[PDB]
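Asks: Below, each chain spelled out in residue letters.
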Amino acid sequence: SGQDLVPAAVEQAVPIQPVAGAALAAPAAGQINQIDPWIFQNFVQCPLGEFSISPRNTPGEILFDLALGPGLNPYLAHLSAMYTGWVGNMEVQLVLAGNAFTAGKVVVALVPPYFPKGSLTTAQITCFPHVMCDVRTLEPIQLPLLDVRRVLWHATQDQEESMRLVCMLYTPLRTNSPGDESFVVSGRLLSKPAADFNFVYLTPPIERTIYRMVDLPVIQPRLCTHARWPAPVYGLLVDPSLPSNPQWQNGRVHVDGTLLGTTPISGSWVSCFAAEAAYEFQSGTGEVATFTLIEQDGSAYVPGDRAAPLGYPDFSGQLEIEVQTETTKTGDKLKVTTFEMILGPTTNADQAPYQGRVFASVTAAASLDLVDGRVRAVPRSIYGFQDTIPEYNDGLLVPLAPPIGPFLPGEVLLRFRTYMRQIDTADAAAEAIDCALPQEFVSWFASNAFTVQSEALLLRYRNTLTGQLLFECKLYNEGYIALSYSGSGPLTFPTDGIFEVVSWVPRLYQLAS
Amino acid sequence: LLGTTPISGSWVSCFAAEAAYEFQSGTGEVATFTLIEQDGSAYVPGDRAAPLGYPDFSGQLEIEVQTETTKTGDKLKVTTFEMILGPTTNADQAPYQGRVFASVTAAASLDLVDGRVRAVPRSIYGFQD
Amino acid sequence: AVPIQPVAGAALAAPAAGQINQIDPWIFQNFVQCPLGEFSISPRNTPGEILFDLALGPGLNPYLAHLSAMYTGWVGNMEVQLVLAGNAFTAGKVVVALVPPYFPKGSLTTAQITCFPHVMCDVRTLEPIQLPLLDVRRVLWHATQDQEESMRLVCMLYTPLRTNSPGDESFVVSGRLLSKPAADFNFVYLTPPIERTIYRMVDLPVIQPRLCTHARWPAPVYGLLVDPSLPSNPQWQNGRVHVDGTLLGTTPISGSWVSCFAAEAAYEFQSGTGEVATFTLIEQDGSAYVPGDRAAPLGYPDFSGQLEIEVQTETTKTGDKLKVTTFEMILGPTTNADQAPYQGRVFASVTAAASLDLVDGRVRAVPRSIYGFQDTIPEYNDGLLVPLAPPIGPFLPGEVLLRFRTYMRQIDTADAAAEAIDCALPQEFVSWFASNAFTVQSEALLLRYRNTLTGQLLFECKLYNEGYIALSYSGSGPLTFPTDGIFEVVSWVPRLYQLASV
Amino acid sequence: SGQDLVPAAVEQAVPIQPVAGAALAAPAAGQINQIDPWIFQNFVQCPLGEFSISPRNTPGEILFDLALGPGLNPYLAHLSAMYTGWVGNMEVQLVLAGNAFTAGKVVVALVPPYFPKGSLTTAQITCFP
Ligand SMILES: C[C@H](CCC(=O)NCC(=O)O)[C@H]1CC[C@H]2[C@@H]3[C@H](O)C[C@@H]4C[C@H](O)CC[C@]4(C)[C@H]3CC[C@]12C
Ligand SMILES: C[C@H](CCC(=O)NCC(=O)O)[C@H]1CC[C@H]2[C@@H]3[C@H](O)C[C@@H]4C[C@H](O)CC[C@]4(C)[C@H]3CC[C@]12C
Ligand SMILES: C[C@H](CCC(=O)NCC(=O)O)[C@H]1CC[C@H]2[C@@H]3[C@H](O)C[C@@H]4C[C@H](O)CC[C@]4(C)[C@H]3CC[C@]12C
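Respectively, the protein sequence lines represent chains A, B, C and D.
Every letter in the first sequence is one number past the one before it in our numbering, and letter 79, counting from 1, is 79.
Every letter in the second sequence is one number past the one before it in our numbering, and letter 106, counting from 1, is 1106.
Every letter in the third sequence is one number past the one before it in our numbering, and letter 362, counting from 1, is 2362.
Every letter in the fourth sequence is one number past the one before it in our numbering, and letter 101, counting from 1, is 3101.
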């Protein structure tokens, strides 16, 4: 236990008066509402209460920024489904217990209500009541988080202007360590309610709210399906020798439920389309079938913001599809035939699925006349696959999903891989098509409609049998998972684990490799 | 779960096996499919009547697998097959024991190197629940 | 350590207990180390690793795990302390929480471990961290012969280790957990001491491996070794036994039953290859054989070869009354085998057209030699179902199986060197584990194969509780070992434990 | 002189009673036998009193193991050629003054007489004082 640290960094005086909590809102609420007196005894960790200061952070980087509320406690964020209203202050600790070789200071201010958010430069964060503290402090730095308000309480709906608590990185982090390591101090943030926190009015406990952090399905990735091709997942892996910021359109959801692009909710819709065909027997390339692209069930198609019908193949290649048709010959009614369409651009085509028309063909010399009508196309095999966003118009622009990124310097995209049926002539290896998130998470996020807190979700990946955490990763709020990997060779992981969330982290959270 | 219910929607009415293309002049390549679990695990005969996702209705079924051929010009090719799921008093198919024989309508001499296959149902014929 | 009220021990059990028995007061003075109360924090560990998890009982003290054979039940608090070996230039934290005696089992994040009563001790503290372990319970007093739910301690790595390391080793931070009873530990009711228990270290038989017997083939053991080049995860069906006393598959108790079967004879003089053998198998203790949960009747062979049982033939042909000749069976598939050991249809053949006028009755089958030995699972059915044992494993990276090689009678036409069929446990270790019926604590024992006269170690192996011994061998060639030491059992370890190189 | 070490590692309490030395064996010996009162003044080094802990040592390695006797002193091992008999206890120090960058702990037990030697695993060395 070295005392070359700073143990004289106690809870300093802040220029603020004591603020009355539940004594004001007692005769304006309709009932008597006390909470359990063992909630006030121990400091438990905030849900957004995990941050990290790498030495690649400039001064003026906001480490955490969390409003006062019931979202600073796992107990009060659980009790606030039962109530509509809260008052009173909290008491927040800070575990900044970095190494004895680091050097640097943080400053934790007390931003009042109705202060405009956004910029908050480092010059003006000292003008608030603030506490300055080193990153080597042994004891936990305590600080009060008062409830400055003009109304008698706050509703438990997060649009309340309330007192924030911003932590700017004041001076940069550096180590006087004799070689090759630059330590990343990993702080935590503990909190408990003060002596006069109180909820206001009892209410039916609704789960679908705020806070009620994100949950994930307990299913292994070797069981889940793929969101760019109708197949299972066959092992996730990182690779820094690939297109690093792709621009896919299938299987890209937000973590507030809103699907982004041409992505469906059902898993039997990806790389599939349904249309009302128009067949014709040609003396050239066999048959020609135009299409009028609509949904699979029967919903109409008007070209709006999605670049294609939901579930359209968002890659490039020569796609062989299966459709059962009504042959007008005498002896057989139904037989599924195999067309082949120019799904890729291939430097020239005649198809533009943004306005609802693709054109398939099957090489057949006999006069094969088909009763035209509604059909549903499904893929069979791929020929000359490229992972490029195709031409949804003929050569024009379309409303696309934005490209995947940006990452931090040193963060690699996590890719769930599957293998498509291919038509290969000289090659004997499988074609690898990867997605940013499987379909079982898109149907989990669309069917729950979560509320994102800050910027990103800190995940883990734990093996089922050993119980060993394989890695930790950072699920951003755009539906991709970026983890920190240093090298460049393709690193592969086992697939029998299960993901599990931990906390909300900002974009500045440096991950361990 | 009960029966042979899978979890993923990409597993229903389809299987995956370790192929053995064998049987000589009946219809074509009477392949032998050692039925295992679709995630790559091995199958253990317990209490559920089949591997998970295996089709449970009577009728002849066409399945499309990926064939690593032996001829020149191409290695990978998708050959449609013909299974016989229903009893019909004579059908070499034991999914509970893990060995299912499927036939092709190919009177040629297509040599096919065996390996690992994933079955995909193209079309049933004569459906009966 | 944070808000738990003081919990009554023997002040509550006293109206309903017949006796209240005090302990010797010198047990309250010494801190004795708990079993499985040891961990290590490398800098490669992500936060959220559970360092240990151990329940309050009389199994936390070797003084009290011995005394709890004389008594009916116990009540009261323990008192643990946690040492931590770390200098002043480390950085990291460890949170030790008091999980209530429910909250059943699952993955605990770092966010959830702070919601229990907990102590967040830094990793560079000097003095040990005393903390109470109260006896929160629904009943008046627990019973010593019943593993009922009590209050656990769960220790989670809170913030990761931030250190340097020279170039090797990588600076693990070790930590131990010592305990003693509190002032109100009491036992309840004096009984006679029983031997089985459930607090017994697995004692291995004091027997050198040269005097053992092999599991697969009825031969002595001729040497234990390692070999990476073989199939690393075999699927043998003989010599498989759980440490808790459960046989896995076809493994019999006694070493006489192996590679043999007792059946009912059915002899038909054929005008083809002479005589063929087709028997009605039964269980060798005189009971019926029902095709069930195991791949074969008890004691059937499990290798890929061509066999030759002998007979006992009571022939009515004149010249000799009771004779012993030799048949020839085939165990491998070889694309032609009508062998159904599951249903009980074995197919052997005499290679002679001699008119053996054999009367059919009860026999047994002692084997003679083998032809074409392959390390492959035989055909317990033709192309059909087989409930078999799982493959042996999985091991850690760096660890390999430790086989017991024997040499059997090999009929060959080209090579003279004898094959080495091996197993994972000799049959002295199989009847020991089945009869004693131990109780698995965590995942693996930690054996130690010392020589008797020298007293020097040879290897510190690790016996998993599925019935196989691993060894952290890191080379590539087959390294053999002396076969004159004696296995000794050190302790229970978790399955993420690292041995030393051999 | 850094105080980032552990100077609060004083001679701790051990669960043992005081043991009478030469007061028992006084009326069963045949003569009056005192030794020099300057032998009791200074700590001199044991003859088997030098050990070392490299980082290639596993836990459970026995560092030293020395019975109580006249062999723990260069004075008493020299005086014990003149005598046939001894009684009483010793007082032993331990100079473990390693660097300020090392980390690790040792445990020094008090094994009673008639305890079987040999193995002495690390699980049971904490059961002694
Ligand atoms: C079954 C066939 C299509 C056969 C086929 O090619 N693939 C089907 C499969 O694999 O299950 C017919 C039956 C009735 C048809 C559908 C329904 O009647 C209504 C629906 C109407 C919209 O045009 C969308 C097509 C859609 C959905 C129809 C298209 C195709 C259907 C689904
Ligand atoms: C040939 C297929 C490719 C997929 C395909 O042909 N059609 C899929 C579709 O579009 O529906 C290959 C790619 C990788 C292969 C699999 C995985 O690598 C691992 C797994 C290993 C088991 O022993 C056998 C099957 C199994 C599952 C492999 C068999 C077939 C696979 C799935
Ligand atoms: C020829 C026999 C093979 C077994 C046999 O004769 N019949 C088949 C059966 O065991 O059932 C050989 C194989 C390996 C041999 C042994 C080992 O090499 C070493 C061992 C040491 C000494 O040389 C004496 C015996 C002993 C033990 C050897 C004697 C006989 C063995 C066991």
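Don't take every hint at face value.
[Stated by the list, open to error] Each computed BS3-like pair below joins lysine-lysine, with the alpha-carbon atoms no more than 30 Å apart: (1) A:117 - A:192; (2) C:2180 - C:2105; (3) C:2180 - A:192; (4) B:1075 - A:117; (5) A:117 - A:105; (6) C:2180 - C:2093; (7) A:105 - B:1075; (8) B:1071 - A:333; (9) D:3105 - C:2093; (10) D:3117 - C:2323; (11) A:335 - B:1071; (12) A:192 - A:105; (13) D:3117 - D:3105; (14) C:2180 - D:3117; (15) A:192 - C:2105; (16) C:2105 - C:2093.
[Stated by the list, open to error] Here are some of the chain C residues that sit facing chain A, going by a computed Cβ distance under 10 Å: (17) 2048; (18) 2052; (19) 2115; (20) 2127; (21) 2128; (22) 2130; (23) 2394.
What the hints contain is simulated information worked out from the structure, not anything from laboratory work.
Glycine included, C-beta positions come from ideal geometry on N, C-alpha and C.
Asks: Would the hint linking residue 192 of chain A and residue 105 of chain A be met if the CA-CA limit is 30 Å?
Replies: 24 Å, holds
Asks: Please verify whether residue 3105 of chain D and residue 2093 of chain C have alpha carbons no more than 30 Å apart.
Replies: 19 Å, holds
Asks: Check whether the Cα positions of residue 192 of chain A and residue 2105 of chain C lie no farther apart than 30 Å.
Replies: 26 Å, holds
Asks: Is the straight-line distance between the alpha-carbon of residue 335 of chain A and that of residue 1071 of chain B 30 Å or less?
Replies: Measuring from Cα to Cα gives roughly 29 Å; hence the hint holds.
Asks: Do the numbers back the hint for residue 2115 of chain C, that is, is its least Cβ distance to chain A under 10 Å?
Replies: 5 Å, holds
Asks: Within a Cα-Cα threshold of 30 Å, do residue 2180 of chain C and residue 2093 of chain C meet the stated pairing?
Replies: Cα-Cα ~25 Å, so holds.
Asks: Against the 30 Å threshold, does the CA-CA distance of residue 2180 of chain C and residue 2105 of chain C hold or violate the hint?
Replies: Roughly 26 Å between the alpha carbons, so the hint for residue 2180 of chain C and residue 2105 of chain C holds.
Asks: For the hint on residue 2130 of chain C, just tell me whether its beta-carbon gets within less than 10 Å of chain A.
Replies: Since chain A brings no Cβ nearer than about 16 Å to residue 2130 of chain C, farther than 10 Å, the hint is violated.
Asks: Does residue 2052 of chain C pass the interface hint, meaning its C-beta sits closer than 10 Å to a C-beta of chain A?
Replies: 12 Å, violated
Asks: Could you check if residue 2394 of chain C really has its C-beta closer than 10 Å to a C-beta on chain A?
Replies: 8 Å, holds
Asks: Is it true that the CA of residue 105 of chain A sits at most 30 Å from the CA of residue 1075 of chain B?
Replies: Measuring from Cα to Cα gives roughly 64 Å; hence the hint is violated.
Asks: What's the verdict on residue 2180 of chain C and residue 192 of chain A, does the C-alpha distance respect the 30 Å limit or exceed it?
Replies: 33 Å, violated
The structure does not agree with the numbered hints 3, 4, 7, 8, 10, 18, 21 and 22 stated previously, though it agrees with the rest.
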